[PDB]
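Shown next as structure tokens: one chain only, the form solved without the named molecule.
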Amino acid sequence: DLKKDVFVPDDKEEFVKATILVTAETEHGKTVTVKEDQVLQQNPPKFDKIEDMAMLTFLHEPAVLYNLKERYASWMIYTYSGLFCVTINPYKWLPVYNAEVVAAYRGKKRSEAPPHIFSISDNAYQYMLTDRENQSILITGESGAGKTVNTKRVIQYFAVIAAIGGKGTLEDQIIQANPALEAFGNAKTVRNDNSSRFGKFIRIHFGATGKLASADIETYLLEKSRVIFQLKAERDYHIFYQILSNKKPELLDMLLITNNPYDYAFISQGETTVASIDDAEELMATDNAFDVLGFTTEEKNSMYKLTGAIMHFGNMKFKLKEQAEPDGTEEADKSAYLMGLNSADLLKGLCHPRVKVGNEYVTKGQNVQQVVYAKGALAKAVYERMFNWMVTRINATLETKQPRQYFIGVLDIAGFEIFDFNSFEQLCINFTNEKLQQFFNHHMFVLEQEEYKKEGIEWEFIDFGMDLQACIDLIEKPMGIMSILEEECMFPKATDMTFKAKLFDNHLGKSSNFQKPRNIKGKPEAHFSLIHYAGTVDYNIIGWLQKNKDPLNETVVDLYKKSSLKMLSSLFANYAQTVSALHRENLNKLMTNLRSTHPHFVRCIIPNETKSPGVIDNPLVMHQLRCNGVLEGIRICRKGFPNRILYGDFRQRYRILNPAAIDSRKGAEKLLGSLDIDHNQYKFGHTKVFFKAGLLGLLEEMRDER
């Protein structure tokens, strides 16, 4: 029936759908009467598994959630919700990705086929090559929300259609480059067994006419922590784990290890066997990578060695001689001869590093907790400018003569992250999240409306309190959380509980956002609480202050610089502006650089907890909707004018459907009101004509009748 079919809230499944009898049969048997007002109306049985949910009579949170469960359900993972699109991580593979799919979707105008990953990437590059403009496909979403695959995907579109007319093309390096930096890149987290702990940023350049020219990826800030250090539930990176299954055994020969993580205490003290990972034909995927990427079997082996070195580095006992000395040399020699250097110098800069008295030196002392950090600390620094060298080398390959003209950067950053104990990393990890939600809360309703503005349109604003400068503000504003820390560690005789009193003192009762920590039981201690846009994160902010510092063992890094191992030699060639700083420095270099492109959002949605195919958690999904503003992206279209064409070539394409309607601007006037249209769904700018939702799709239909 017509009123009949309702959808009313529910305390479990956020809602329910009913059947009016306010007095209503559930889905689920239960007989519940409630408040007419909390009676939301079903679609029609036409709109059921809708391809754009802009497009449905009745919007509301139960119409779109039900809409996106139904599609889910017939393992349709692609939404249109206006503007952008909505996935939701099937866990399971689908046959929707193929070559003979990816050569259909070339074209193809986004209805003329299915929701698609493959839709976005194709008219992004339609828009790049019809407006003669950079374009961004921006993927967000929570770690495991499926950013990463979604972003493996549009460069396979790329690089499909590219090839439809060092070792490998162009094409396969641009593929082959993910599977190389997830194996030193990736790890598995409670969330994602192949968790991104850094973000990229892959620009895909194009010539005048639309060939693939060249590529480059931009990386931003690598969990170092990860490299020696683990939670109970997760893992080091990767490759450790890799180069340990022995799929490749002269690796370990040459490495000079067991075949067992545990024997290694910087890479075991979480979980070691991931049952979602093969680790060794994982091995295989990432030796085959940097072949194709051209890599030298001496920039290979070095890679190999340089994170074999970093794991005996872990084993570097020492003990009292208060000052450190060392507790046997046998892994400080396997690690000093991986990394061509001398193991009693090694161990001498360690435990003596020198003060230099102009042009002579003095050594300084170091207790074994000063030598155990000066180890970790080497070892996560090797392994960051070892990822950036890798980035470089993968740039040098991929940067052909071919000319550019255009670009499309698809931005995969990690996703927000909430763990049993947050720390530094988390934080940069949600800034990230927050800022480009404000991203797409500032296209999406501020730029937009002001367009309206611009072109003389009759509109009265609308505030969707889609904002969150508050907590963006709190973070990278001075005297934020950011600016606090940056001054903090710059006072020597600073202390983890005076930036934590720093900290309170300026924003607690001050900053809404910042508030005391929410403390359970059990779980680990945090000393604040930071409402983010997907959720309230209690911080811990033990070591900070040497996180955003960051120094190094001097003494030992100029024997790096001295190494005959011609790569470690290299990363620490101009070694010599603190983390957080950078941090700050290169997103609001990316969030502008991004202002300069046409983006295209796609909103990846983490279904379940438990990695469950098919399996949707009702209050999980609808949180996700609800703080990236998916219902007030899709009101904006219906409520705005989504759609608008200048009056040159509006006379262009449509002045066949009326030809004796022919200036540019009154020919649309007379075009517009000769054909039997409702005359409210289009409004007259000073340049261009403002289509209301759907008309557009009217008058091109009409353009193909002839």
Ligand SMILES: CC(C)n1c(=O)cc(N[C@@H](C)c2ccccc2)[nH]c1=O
The other form holds:
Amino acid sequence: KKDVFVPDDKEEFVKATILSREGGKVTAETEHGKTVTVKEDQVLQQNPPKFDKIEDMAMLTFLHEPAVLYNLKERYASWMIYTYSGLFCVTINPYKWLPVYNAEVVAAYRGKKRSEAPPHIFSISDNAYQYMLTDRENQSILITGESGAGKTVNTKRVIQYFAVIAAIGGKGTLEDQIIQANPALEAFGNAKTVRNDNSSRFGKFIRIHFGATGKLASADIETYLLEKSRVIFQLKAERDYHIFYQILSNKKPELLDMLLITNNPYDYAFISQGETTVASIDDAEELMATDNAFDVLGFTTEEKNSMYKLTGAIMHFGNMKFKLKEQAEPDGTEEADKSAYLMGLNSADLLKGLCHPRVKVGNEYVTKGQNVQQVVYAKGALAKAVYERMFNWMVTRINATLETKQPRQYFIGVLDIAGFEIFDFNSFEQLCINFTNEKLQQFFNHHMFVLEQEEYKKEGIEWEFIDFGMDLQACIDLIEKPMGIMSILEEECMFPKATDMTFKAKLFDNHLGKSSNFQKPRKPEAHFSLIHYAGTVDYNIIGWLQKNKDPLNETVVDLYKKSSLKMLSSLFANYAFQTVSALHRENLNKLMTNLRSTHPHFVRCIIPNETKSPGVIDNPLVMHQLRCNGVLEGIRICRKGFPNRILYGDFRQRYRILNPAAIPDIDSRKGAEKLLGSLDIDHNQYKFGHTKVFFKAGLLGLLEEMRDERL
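Next block: the form deposited with the named molecule bound, after the form solved without the named molecule:
Next comes a single chain, given without company.
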């Protein structure tokens, strides 16, 4: 009828009222008072007022782009930040504290079925918990979104839910320790970028282990590729890792005296290239939270002091000056003395190793010369290696405490990756980050559209394959397959004559005008652009070969191994071959095969605007996120297909109480048929497969309401 949506240049779609029709064209008055003429096929129907702010968009009469965008916008305007989209959930960043995560709320969500409670991260957490115990299988909570969308907040809320549930049924309980793992990792692995004041600069997969009846038993954390480069480098509107500024806050004066540092971040080259303060962050308060987290995780005084000392030694390492008399020599030794003292090394030995590294000639050696540029590069590389290895030690140390030896049967794994991002300058680390996001989107596409339809086919369910246009194989292959971007980088690696420009020429010769997703770029200079699922990203390739090989001055690595500071010697103990991109690809492939053995639960976080503004929706930004995430198609397959299915044996066991008189039937399929036929249900909402009974969206929920009533 008259109530419609029409396309708009600024807001994507607006509400309108049809005034007239003629020659395949429609004349309509918009909500913003504009009288518009558009083609008939561009006109989409508004859902009835009874579907306003609906909790599950799979139940809408009209399913289209503005129906979804407006339903989400209307819910958001009422601070209802979660919405169901078929079997998965969508969430929109509120950018403000809401009273939706308290203990009375966690208690009320316990054991609630999806429909009898509003959409929430606690209900996603609870539903995964109910499938885990009923099916006896591992679960995964996969939280997607761009940098700043709310992945980390939603991850911390999943952890909070299970720890508070366990609280009802080192220097703290397991529950208290799982909660403290995030503050500790965040001080060292998170930082202020343009898109997020607390950007996660590493990915993580947290496994929460449970016993047979659901008691919280243990936890483990796996982290992925930390952005090492931030330790020594910052762009204009960004900060180094939180920890540097947390220490400098002077909230612990003993720390400043122990690290031989001043209170000013601008006195330290490595950490003051961009911004040093953030309005939303109290670094003094954050230092306390970090220090307390180490205590709760049972770190010793010696373990905490060593992490502090190494952080402080990295600060002094950046202040080491070199000059000429092409051979470099130290331009002072004060900063070198401070570093060596904190690192349990000899100052004069360290400077000698930096200016004159050795090249191995069998069981003999030849001294190599270093210009100032070579020394400052090597000094930067060592600082990054100390930091990343210290970060890895901390993860290992947290895992030792989280390991209880209490009984385990299943887990719920929560994945919180570094989000898709676009800066003014995008380097190797942005490619690594964006590639992970593309892979995570393809895992969603494969589960929702490929495996789903293949399941119907192998089960003998009458089905016509639907091409949903959700397939990222072309861009993924461009980055990861042989002769792709990383394969070319890896091959240009271990070529003594290779340079950034030979690497660039090989990229261009193989893919420019040949690979659809590879383009020439358009403000800092860029070398190539990549058409990712979430946008076109301009990449600068300077330093990628050195970043991928990751060479270290092995003369000073040897000194690290002989350090009187136990932590430093342990960090470089096993030091000895794979490139960082080859290891990243390997770890990513391993993650994806492991996730395939779990029941996934997708949570799609959406950033509402670019200005951290609470309650304001940037319509093209929100629509773009919904489009590249496959939200509409994900809902279509839930409406069109059979989202629920149960093995005949499990079906007759669980739903016999619904009508025991109907099955007083040896064969479970015969049993399932007669049981279902005897019930007051639409006998078209279910289909019989070879091994499972398939259900239309909503029938499982109804069967479950009916069972909860008989119990």
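Each form is matched to the other, and the largest set of C-alpha atoms that superpose within 1.5 Å is called the rigid core. Numbering follows the first chain given and starts at 1.
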| item | value |
| --- | --- |
| Listed options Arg638, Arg655, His28, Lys69; Cα moving by 2 angstroms or more between the two forms (core superposition) | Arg655 |
| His60 C-alpha shift between the two forms of 2 Å or more, rigid core reference | no |
| Residue shift check between the two forms, rigid core fit, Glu360 Cα at least 2 Å | yes |
| Is_shifted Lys49 between the two forms (CA, 2 Å cut-off, rigid core) | no |
